[PDB]
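Let's start with one chain on its own, the form solved in complex with the named molecule, as structure tokens.
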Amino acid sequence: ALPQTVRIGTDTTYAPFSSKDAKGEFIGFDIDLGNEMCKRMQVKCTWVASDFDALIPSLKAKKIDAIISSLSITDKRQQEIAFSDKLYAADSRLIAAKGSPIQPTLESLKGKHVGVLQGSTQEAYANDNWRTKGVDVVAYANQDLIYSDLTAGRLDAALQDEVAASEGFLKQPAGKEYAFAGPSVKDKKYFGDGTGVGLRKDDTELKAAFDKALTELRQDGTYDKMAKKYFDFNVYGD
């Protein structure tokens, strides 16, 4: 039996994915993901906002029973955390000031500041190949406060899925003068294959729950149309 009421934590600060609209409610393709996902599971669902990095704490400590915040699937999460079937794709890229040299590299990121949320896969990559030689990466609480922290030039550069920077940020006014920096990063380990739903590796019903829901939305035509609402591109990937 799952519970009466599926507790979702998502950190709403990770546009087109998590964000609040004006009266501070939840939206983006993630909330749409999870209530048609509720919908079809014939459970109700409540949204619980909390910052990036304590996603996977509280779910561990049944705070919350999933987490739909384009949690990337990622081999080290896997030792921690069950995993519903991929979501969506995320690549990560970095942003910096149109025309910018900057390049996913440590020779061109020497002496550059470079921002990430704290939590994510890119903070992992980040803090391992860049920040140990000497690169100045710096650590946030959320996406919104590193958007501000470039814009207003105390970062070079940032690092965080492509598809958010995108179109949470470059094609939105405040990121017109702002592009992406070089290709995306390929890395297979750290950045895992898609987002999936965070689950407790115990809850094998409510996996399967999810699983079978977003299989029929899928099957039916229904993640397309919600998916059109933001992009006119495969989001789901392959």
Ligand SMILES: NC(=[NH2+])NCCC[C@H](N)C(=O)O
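Numbering follows the first chain given and starts at 1. What changes on going to the form deposited without the named molecule:
Both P183 and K110 are carried by the same rigid part as the chain changes shape between these two forms.
Could I have the structure of this protein in the form deposited without the named molecule, to go alongside the form solved in complex with the named molecule above?
Next up is only this chain, free of partner chains and other molecules.
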């Protein structure tokens, strides 16, 4: 049976997806998506701020009923929990100097120096797909140093999370002469298959209810109106 009130956990330290405003209200694209789906589902939802690492523990313990916190649908989490259909994509993309002919192909990158953040999903992807094949992939302890090396011409490109690179560098003064080089790199093994509402594997009516509501708001155009506030590109992906 559907919960009388669905408690949704989110980590509010990730603008533009989940944050708190000056009044303490939850704001952001995940929050908009979440509230709209509860509306169509016709349930009461309550947002519970939580640290990201506590979210799947809290779900499993039944402290919350759903997670909407940019949670990407990876194979390893599918082992533990269930997911709604994709809410939006969470892919990576190369950033280079405006007008660069660089592409995310092995053909284009051989010879180049690509910076990657050490220990991220991007380094895993870049190491298996590109560094083993002779692209010079350099891993950085810190994101600041990646951006300064790119700016300094020490790096030819940086592989980063697409939305993070958009919001956090190509929109900053420092990124004005830089741009995405080529299309985003999609790989379910390293980046997952978009993000989705995290749910208990057993709660199939609640998954059905979120899936129905998400198709509806996508079909009547509400998804696009909502995305328009934050993103000038197709966040949904394919």
